[PDB]
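Trainee: One letter stands for each residue in the lines below.
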Amino acid sequence: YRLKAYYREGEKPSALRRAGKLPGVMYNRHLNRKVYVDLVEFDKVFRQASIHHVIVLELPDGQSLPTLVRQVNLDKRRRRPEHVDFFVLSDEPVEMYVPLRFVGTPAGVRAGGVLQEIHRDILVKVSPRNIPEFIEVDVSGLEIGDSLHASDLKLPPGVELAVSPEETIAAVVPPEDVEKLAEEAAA
Amino acid sequence: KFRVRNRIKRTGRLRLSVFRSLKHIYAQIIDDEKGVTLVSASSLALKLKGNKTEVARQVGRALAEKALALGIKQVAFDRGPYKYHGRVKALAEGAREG
Amino acid sequence: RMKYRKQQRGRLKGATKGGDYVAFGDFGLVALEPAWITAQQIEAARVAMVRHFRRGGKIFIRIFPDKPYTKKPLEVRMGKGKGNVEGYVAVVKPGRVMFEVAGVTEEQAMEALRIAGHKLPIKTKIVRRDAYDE
Amino acid sequence: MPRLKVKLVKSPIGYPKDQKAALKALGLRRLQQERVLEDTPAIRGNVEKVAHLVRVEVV
Amino acid sequence: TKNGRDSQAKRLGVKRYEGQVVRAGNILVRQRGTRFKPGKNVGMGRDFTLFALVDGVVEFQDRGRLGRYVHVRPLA
RNA sequence: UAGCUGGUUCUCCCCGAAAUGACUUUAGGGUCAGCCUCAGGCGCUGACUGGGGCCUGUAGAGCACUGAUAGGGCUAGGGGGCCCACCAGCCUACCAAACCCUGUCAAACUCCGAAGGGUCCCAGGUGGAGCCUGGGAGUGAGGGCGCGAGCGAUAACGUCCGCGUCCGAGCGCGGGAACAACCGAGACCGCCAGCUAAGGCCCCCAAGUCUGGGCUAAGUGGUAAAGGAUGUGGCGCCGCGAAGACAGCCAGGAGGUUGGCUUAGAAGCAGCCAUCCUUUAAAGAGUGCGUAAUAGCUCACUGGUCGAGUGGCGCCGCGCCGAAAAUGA
RNA sequence: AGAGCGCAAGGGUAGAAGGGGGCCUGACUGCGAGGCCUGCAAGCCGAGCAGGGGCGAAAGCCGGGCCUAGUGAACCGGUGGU
RNA sequence: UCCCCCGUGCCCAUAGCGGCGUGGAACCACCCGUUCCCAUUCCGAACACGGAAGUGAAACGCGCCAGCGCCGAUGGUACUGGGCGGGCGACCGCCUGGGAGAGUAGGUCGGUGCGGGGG
Ligand SMILES: [Mg+2]
Ligand SMILES: [Mg+2]
Ligand SMILES: [Mg+2]
Ligand SMILES: [Mg+2]
Ligand SMILES: [Mg+2]
Ligand SMILES: [Mg+2]
Ligand SMILES: [Mg+2]
Ligand SMILES: [Mg+2]
Ligand SMILES: [Mg+2]
Ligand SMILES: [Mg+2]
Ligand SMILES: [Mg+2]
Ligand SMILES: [Mg+2]
Ligand SMILES: [Mg+2]
Ligand SMILES: [Mg+2]
Ligand SMILES: [Mg+2]
Ligand SMILES: [Mg+2]
Ligand SMILES: [Mg+2]
Ligand SMILES: [Mg+2]
Ligand SMILES: [Mg+2]
Ligand SMILES: [Mg+2]
Ligand SMILES: [Mg+2]
Ligand SMILES: [Mg+2]
Ligand SMILES: [Mg+2]
Ligand SMILES: [Mg+2]
Ligand SMILES: [Mg+2]
Ligand SMILES: [Mg+2]
Ligand SMILES: [Mg+2]
Ligand SMILES: [Mg+2]
Ligand SMILES: [Mg+2]
Ligand SMILES: [Mg+2]
Ligand SMILES: [Mg+2]
Ligand SMILES: [Mg+2]
Ligand SMILES: [Mg+2]
Ligand SMILES: [Mg+2]
Ligand SMILES: [Mg+2]
Ligand SMILES: [Mg+2]
Ligand SMILES: [Mg+2]
Ligand SMILES: [Mg+2]
Ligand SMILES: [Mg+2]
Ligand SMILES: [Mg+2]
Ligand SMILES: [Mg+2]
Ligand SMILES: [Mg+2]
Ligand SMILES: [Mg+2]
Ligand SMILES: [Mg+2]
Ligand SMILES: [Mg+2]
Ligand SMILES: [Mg+2]
Ligand SMILES: [Mg+2]
Ligand SMILES: [Mg+2]
Ligand SMILES: [Mg+2]
Ligand SMILES: [Mg+2]
Ligand SMILES: [Mg+2]
Ligand SMILES: [Mg+2]
Ligand SMILES: [Mg+2]
Ligand SMILES: [Mg+2]
Ligand SMILES: [Mg+2]
Ligand SMILES: [Mg+2]
Ligand SMILES: [Mg+2]
Ligand SMILES: [Mg+2]
Ligand SMILES: [Mg+2]
Ligand SMILES: [Mg+2]
Ligand SMILES: [Mg+2]
Ligand SMILES: [Mg+2]
Ligand SMILES: [Mg+2]
Ligand SMILES: [Mg+2]
Ligand SMILES: [Mg+2]
Ligand SMILES: [Mg+2]
Ligand SMILES: [Mg+2]
Ligand SMILES: [Mg+2]
Ligand SMILES: [Mg+2]
Ligand SMILES: [Mg+2]
Ligand SMILES: [Mg+2]
Ligand SMILES: [Mg+2]
Ligand SMILES: [Mg+2]
Ligand SMILES: [Mg+2]
Ligand SMILES: [Mg+2]
Ligand SMILES: [Mg+2]
Ligand SMILES: [Mg+2]
Ligand SMILES: [Mg+2]
Ligand SMILES: [Mg+2]
Ligand SMILES: [Mg+2]
Ligand SMILES: [Mg+2]
Ligand SMILES: [Mg+2]
Ligand SMILES: [Mg+2]
Ligand SMILES: [Mg+2]
Ligand SMILES: [Mg+2]
Ligand SMILES: [Mg+2]
Ligand SMILES: [Mg+2]
Ligand SMILES: [Mg+2]
Ligand SMILES: [Mg+2]
Ligand SMILES: [Mg+2]
Ligand SMILES: [Mg+2]
Ligand SMILES: [Mg+2]
Ligand SMILES: [Mg+2]
Ligand SMILES: [Mg+2]
Ligand SMILES: [Mg+2]
Ligand SMILES: [Mg+2]
Ligand SMILES: [Mg+2]
Ligand SMILES: [Mg+2]
Ligand SMILES: [Mg+2]
Ligand SMILES: [Mg+2]
Ligand SMILES: [Mg+2]
Ligand SMILES: [Mg+2]
Ligand SMILES: [Mg+2]
Ligand SMILES: [Mg+2]
Ligand SMILES: [Mg+2]
Ligand SMILES: [Mg+2]
Ligand SMILES: [Mg+2]
Ligand SMILES: [Mg+2]
Ligand SMILES: [Mg+2]
Ligand SMILES: [Mg+2]
Ligand SMILES: [Mg+2]
Ligand SMILES: [Mg+2]
Ligand SMILES: [Mg+2]
Ligand SMILES: [Mg+2]
Ligand SMILES: [Mg+2]
Ligand SMILES: [Mg+2]
Ligand SMILES: [Mg+2]
Numbered sequence: 003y004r005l006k007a008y009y010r011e012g013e014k015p016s017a018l019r020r021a022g023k024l025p026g027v028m029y030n031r032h033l034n035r036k037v038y039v040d041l042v043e044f045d046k047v048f049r050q051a052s053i054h055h056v057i058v059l060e061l062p063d064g065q066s067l068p069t070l071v072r073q074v075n076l077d078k079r080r081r082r083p084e085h086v087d088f089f090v091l092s093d094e095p096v097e098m099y100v101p102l103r104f105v106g107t108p109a110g111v112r113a114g115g116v117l118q119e120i121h122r123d124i125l126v127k128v129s130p131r132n133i134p135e136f137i138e139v140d141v142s143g144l145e146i147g148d149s150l151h152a153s154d155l156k157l158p159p160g161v162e163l164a165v166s167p168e169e170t171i172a173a174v175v176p177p178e179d180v181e182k183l184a185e186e187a188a189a
Numbered sequence: 011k012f013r014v015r016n017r018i019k020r021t022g023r024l025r026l027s028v029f030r031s032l033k034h035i036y037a038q039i040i041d042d043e044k045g046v047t048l049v050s051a052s053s054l055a056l057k058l059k060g061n062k063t064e065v066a067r068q069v070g071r072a073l074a075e076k077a078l079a080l081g082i083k084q085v086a087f088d089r090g091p092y093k094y095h096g097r098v099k100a101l102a103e104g105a106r107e108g
Numbered sequence: 006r007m008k009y010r011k012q013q014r015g016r017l018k019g020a021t022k023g024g025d026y027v028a029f030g031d032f033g034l035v036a037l038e039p040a041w042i043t044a045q046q047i048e049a050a051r052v053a054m055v056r057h058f059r060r061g062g063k064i065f066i067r068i069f070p071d072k073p074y075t076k077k078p079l080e081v082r083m084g085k086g087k088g089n090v091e092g093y094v095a096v097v098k099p100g101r102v103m104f105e106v107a108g109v110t111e112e113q114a115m116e117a118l119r120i121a122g123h124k125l126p127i128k129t130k131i132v133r134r135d136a137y138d139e
Numbered sequence: 001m002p003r004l005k006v007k008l009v010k011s012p013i014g015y016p017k018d019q020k021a022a023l024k025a026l027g028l029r030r031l032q033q034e035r036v037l038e039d040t041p042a043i044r045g046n047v048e049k050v051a052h053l054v055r056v057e058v059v
Numbered sequence: 010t011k012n013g014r015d016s017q018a019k020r021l022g023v024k025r026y027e028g029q030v031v032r033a034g035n036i037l038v039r040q041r042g043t044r045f046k047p048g049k050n051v052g053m054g055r056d057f058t059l060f061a062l063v064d065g066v067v068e069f070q071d072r073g074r075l076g077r078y079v080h081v082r083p084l085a
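First to last, the protein sequences are chains BZ, BS, BQ, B3 and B0.
Each residue of the first sequence is one higher than the one before, counting from 3 in the entry's author numbering.
Each residue of the second sequence is one higher than the one before, counting from 11 in the entry's author numbering.
Each residue of the third sequence is one higher than the one before, counting from 6 in the entry's author numbering.
Each residue of the fourth sequence is one higher than the one before, counting from 1 in the entry's author numbering.
Each residue of the fifth sequence is one higher than the one before, counting from 10 in the entry's author numbering.
Please note that the accuracy of each hint is not assured.
As the list claims (entries may be wrong) - Facing chain BQ, according to a computed beta carbon distance under 10 Å, are these residues of chain BZ, among others:
{"#": "1", "residue": "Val56"}
{"#": "2", "residue": "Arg81"}
{"#": "3", "residue": "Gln118"}
Hints in this document: simulated from the structure, not taken from any laboratory.
Even for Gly, the Cβ is constructed at its ideal location relative to N, Cα and C.
Using the sequences and the hints, build the whole thing.
Mentor: Written out as structure tokens, the structure reads:
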């Protein structure tokens with residue numbers, strides 16, 4: 003994804019925001035400078051880009067840049083973005099969360115139940131070349147009481163995990179129900 | 011276990027540090043508050059013989075020579091990790107010969 | 006539970022930490038006004054929720070009453086309230102996420118949460134899991 | 001730096017004691033009163049804190 | 010209601026801050042324990058009170074893992 | 001006798017409090033301190049301010065300690081079931097110690113930590129500043145308001161502290177309809193002179209029926225909430241459209257099917273569980289009504305006609321309902 | 001260092017204030033610069049000087065106890081001593 | 001001025017935990033022995049004396065690695081001296097000066113002072 007960025011400086015961050023400009027900061031091992039972007043345009047990008055897909059930033063200098071999103075501070079009350087972090091990549095390995103697709107339906111979901119997705123994505127060390135638009139997991143052998151750890155995953159080539167292997171990815175849990183209530187309130 | 015040093019440092023000045031080895035015995039006159047040594051009668055660095063308890067009493071006077079020649083007297087004895095008795099007591103007993 | 010005894014009232018200042026993001030489930034109900042939420046409130050909402058979609062998905066509750074709410078018994082002015090008549094409440098600054106739902110259609114969770122709102126004193130908002138994460 | 005010309009425009013009645021002692025420090029007695037003072041970090045230090053009471057100009 | 014109780018305020022803490030000139034013998038710091046260690050030209054009493062040992066100037070030294078210290082740099 | 005109540009007589013001039021602390025058979029009284037005043041003495045120090053040093057654990061945040069806490073994971077212990085007894089094995093949509101992940105709470109928790117405040121040094125600061133010794137006091141029921149906490153009910157013209165402030169003693173003046181403490185402002189005296197402050201400039205009433213651009217149709221404004229609605233104007237987003245939509249009107253709207261199961265009956269239509277195809281342009285194992293169970297009506301969808309826009313959702317401004325009281329509005 | 005530090009809590013603390021051992025009685029007399037705290041009266045800390053001592057080779061440390069509670073003006077009377 | 005080692009300070013984890021490697025000429029340590037000084041609530045483990053042989057295994061010394069630990073910006077925000085503005089309030093908004101914690105990027109397996117022995 004691409005997005006037109008602009009340089010920032012003395013301008014009051016609050017004043018910017020009144021206009022429509024969400025301030026932010028691109029930086030990395032060697033680089034660092036204040037910037038900003040048009041908020042409305044940012045939203046349209048981030049609604050799919052998030053912290054997973056890469057984002058090329060175009061400065062007025064025409065400079066393309068393979069940035070990522072490292073964090074977006076939010077304003078409590080009317081959940082909304084304050085300011086953006088842009089991690090500019092080079093070619094060396096860089097940690098980042100990658101999406102996950104829990105394809106298939108366990109016996110749990112069929113026999114009444116619900117798949118809780120503990121991690122909607124996973125943190126893995128990888129080169130900017132390897133930007134797998136997603137990993138997959140055959141969640142189907144799962145059932146109420148069962149669980150999947152990172153100790154087993156559709157790890158593509160070159161993509162090694164940085165999170166602990168024993169971290170749980172997801173699990174199927176029993177459903178909340180009405181006939182439980184009569185039993186519950188008894189205690 | 012260097013409680014001994016802490017206790018001495020609090021007092022006057024001129025700490026007579028007395029490190030000693032399996033076949034060695036050294037001694038410095040350190041005026042702290044600056045971390046500098048003024049005198050240093052080494053043994054296995056001087057040349058002395060071999061008898062240790064007899065050797066230490068000698069190296070003790072080696073300080074006395076170099077000490078007074080500068081103007082020193084605070085006998086503040088840094089009996090290090092070693093208990094005052096053997097080649098230390100002798101090194102001391104000897105130092106106190108002057 | 007445990008803690009100890011009864012506790013001062015304090016004040017519900019700005020919703021500084023009174024804000025949040027969804028961390029479980031697809032949909033959520035966030036507060037918009039500061040308030041002490043009672044146990045009787047939290048519960049009544051939670052039950053009325055499942056009660057709505059029987060044998061449905063799974064609900065999460067991220068606010069929890071740890072504050073003892075005191076109350077003198079129809080008299081004058083001695084000592085601290087025997088209190089606890091309303092027992093325990095949870096501090097809620099405007100912006101904090103309270104209830105998560107999961108494993109149900111949008112119209113199935115747009116109602117469940119719509120209701121839980123009513124059982125609450127404050128005005129509240131429903132939310133999709135936007136896309137804001139960490 | 002060039003001298004400072006300050007003038008009292010809002011009454012101190014109902015303002016903290018320190019703000020009273022400030023005007024007395026600068027030498028502002030009654031209202032609308034003129035007062036020109038060699039500007040130093042010490043003189044401006046009071047003018048600063050009484051800014052909501054006075055209108056200043058450079059001379 | 011058994012509760013209306015407390016004990017006298019002991020007015021402890023640092024009694025002479027850094028740079029302040031001091032006469033020999035006068036007090037520098039009263040404290041619960043050794044929230045401040047003595048050091049050069051500063052003695053300590055039964056209650057952990059730190060008192061200057063000679064006319065001079067007070068100065069504080071922090072030494073990390075070894076704690077804070079109060080010193081009187083003499084002059085006369 | 002009265003630590004109580006009352007009463008205390010001419011004039012002008014200068015300054016001007018307190019309603020707090022400690023102790024008190026003390027609590028509406030006293031002693032000392034605090035604050036007022038007079039006299040003599042010292043003389044740039046005083047409030048406030050600039051620069052610098054040191055002291056600090058609040059706001060905020062945090063979970064590293066002390067505890068609290070939702071979900072999940074891993075996993076002792078215990079519980080149920082298979083199986084049994086020599087005790088052993090496995091299962092465990094039961095409860096759960098420790099541990100870990102995610103997510104959090106705390107006046108008496110803190111890995112952290114402001115703003116600020118305190119103090120000393122240097123400098124500005126001659127002010128009804130300051131300091132030393134004395135003579136004389138009064139005060140020791142405060143009150144409201146802002147801010148920070150406790151108590152209370154996140155009640156009270158409530159109560160108790162803290163920093164301010166005003167009334168007290170400025171019920172003198174202007175504004176606020178009227179009104180100690182809200183806004184403006186510190187009244188030595190005189191003036192049929194001027195500029196302003198708060199607030200105001202249609203009439204009572206001084207001063208614009210001023211200028212320019214919007215919004216509001218309720219008398220809103222002229223003082224009320226959860227919550228409810230095709231109020232009205234405004235920005236944004238998604239989708240349908242001249243390859244013919246939205247609305248209305250002409251026609252079909254089905255077959256196996258009467259879905260499996262519950263049930264006296266459950267024929268798309270009490271509930272439970274749910275994921276076929278086909279005549280075809282289209283009709284969902286079904287939106288609502290109608291039934292005892294059905295047939296009947298309709299949408300959904302497709303065809304025609306028409307001929308230009310239409311439908312949903314998020315955001316902001318002002319407004320509508322919610323809205324019942326006792327002498328006349 | 002989450003233990004211990006006689007006893008509530010807090011601060012402090014193993015570079016000991018904690019556990020053990022040898023000798024020991026400074027749980028001394030005569031004082032006390034300068035302070036903390038403070039309305040009064042009280043309370044608290046204290047270097048050093050003199051006497052005669054205890055432990056240490058010595059530098060040194062000792063005027064009770066890791067610290068903050070364990071308390072009572074004056075009057076009146078008891079006992080000992082100059 | 002340079003290098004190795006010994007002793008001792010200074011700051012007080014970027015100095016630490018751990019994994020790999022290297023050093024015995026010198027220095028250091030383990031190491032031989034327990035007659036003498038000295039020592040064990042038992043024991044030469046410790047303390048101590050007298051000391052060749054062997055060793056660098058242990059300990060320590062130096063150097064590498066970033067798994068733990070530790071350090072950690074910039075940007076923005078919470079909060080807030082001071083000054084104001086809106087609502088019944090529980091509250092909220094602007095100007096001015098100060099400005100976190102968490103988190104992101106990164107950093108670190110140290111830097112140095114005096115004496116002494118040694119090329
Ligand atoms: Mg639950
Ligand atoms: Mg009563
Ligand atoms: Mg009772
Ligand atoms: Mg005035
Ligand atoms: Mg005013
Ligand atoms: Mg001040
Ligand atoms: Mg009390
Ligand atoms: Mg009290
Ligand atoms: Mg400390
Ligand atoms: Mg002492
Ligand atoms: Mg006068
Ligand atoms: Mg006057
Ligand atoms: Mg008292
Ligand atoms: Mg009386
Ligand atoms: Mg008096
Ligand atoms: Mg002056
Ligand atoms: Mg701190
Ligand atoms: Mg807080
Ligand atoms: Mg940690
Ligand atoms: Mg704990
Ligand atoms: Mg405990
Ligand atoms: Mg398991
Ligand atoms: Mg078991
Ligand atoms: Mg068994
Ligand atoms: Mg068994
Ligand atoms: Mg088993
Ligand atoms: Mg706190
Ligand atoms: Mg505490
Ligand atoms: Mg701050
Ligand atoms: Mg200050
Ligand atoms: Mg200062
Ligand atoms: Mg003059
Ligand atoms: Mg005066
Ligand atoms: Mg005066
Ligand atoms: Mg003076
Ligand atoms: Mg007087
Ligand atoms: Mg009086
Ligand atoms: Mg009284
Ligand atoms: Mg009163
Ligand atoms: Mg007041
Ligand atoms: Mg208010
Ligand atoms: Mg206000
Ligand atoms: Mg009360
Ligand atoms: Mg409150
Ligand atoms: Mg009130
Ligand atoms: Mg009065
Ligand atoms: Mg006044
Ligand atoms: Mg009146
Ligand atoms: Mg008036
Ligand atoms: Mg009128
Ligand atoms: Mg009034
Ligand atoms: Mg009036
Ligand atoms: Mg008035
Ligand atoms: Mg005003
Ligand atoms: Mg008017
Ligand atoms: Mg209303
Ligand atoms: Mg209202
Ligand atoms: Mg209204
Ligand atoms: Mg409303
Ligand atoms: Mg309606
Ligand atoms: Mg469409
Ligand atoms: Mg065309
Ligand atoms: Mg229509
Ligand atoms: Mg028609
Ligand atoms: Mg038809
Ligand atoms: Mg028809
Ligand atoms: Mg048909
Ligand atoms: Mg049809
Ligand atoms: Mg029909
Ligand atoms: Mg069908
Ligand atoms: Mg039919
Ligand atoms: Mg019919
Ligand atoms: Mg809206
Ligand atoms: Mg709106
Ligand atoms: Mg309204
Ligand atoms: Mg009506
Ligand atoms: Mg009437
Ligand atoms: Mg601990
Ligand atoms: Mg402890
Ligand atoms: Mg203990
Ligand atoms: Mg103890
Ligand atoms: Mg403690
Ligand atoms: Mg230490
Ligand atoms: Mg002991
Ligand atoms: Mg001991
Ligand atoms: Mg003993
Ligand atoms: Mg003296
Ligand atoms: Mg004295
Ligand atoms: Mg006194
Ligand atoms: Mg008195
Ligand atoms: Mg002494
Ligand atoms: Mg003597
Ligand atoms: Mg002493
Ligand atoms: Mg003891
Ligand atoms: Mg002791
Ligand atoms: Mg002891
Ligand atoms: Mg204390
Ligand atoms: Mg008497
Ligand atoms: Mg050379
Ligand atoms: Mg290995
Ligand atoms: Mg050997
Ligand atoms: Mg023998
Ligand atoms: Mg011998
Ligand atoms: Mg002997
Ligand atoms: Mg030997
Ligand atoms: Mg080896
Ligand atoms: Mg090792
Ligand atoms: Mg290498
Ligand atoms: Mg690292
Ligand atoms: Mg890491
Ligand atoms: Mg910053
Ligand atoms: Mg209001
Ligand atoms: Mg409010
Ligand atoms: Mg700043
Ligand atoms: Mg930070
Ligand atoms: Mg390291
Ligand atoms: Mg270095």
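Trainee: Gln118 (chain BZ) was flagged as interface toward chain BQ. Is the shortest Cβ-Cβ separation under 10 Å?
Mentor: holds, 7 Å
Trainee: Interface hint check: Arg81 (chain BZ), Cβ to nearest Cβ on chain BQ, cutoff 10 Å. Holds or violated?
Mentor: holds, 7 Å
Trainee: Does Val56 (chain BZ) pass the interface hint, meaning its C-beta sits closer than 10 Å to a C-beta of chain BQ?
Mentor: violated, 16 Å
The structure fails to meet hint 1 from the earlier list, while all remaining hints are met.
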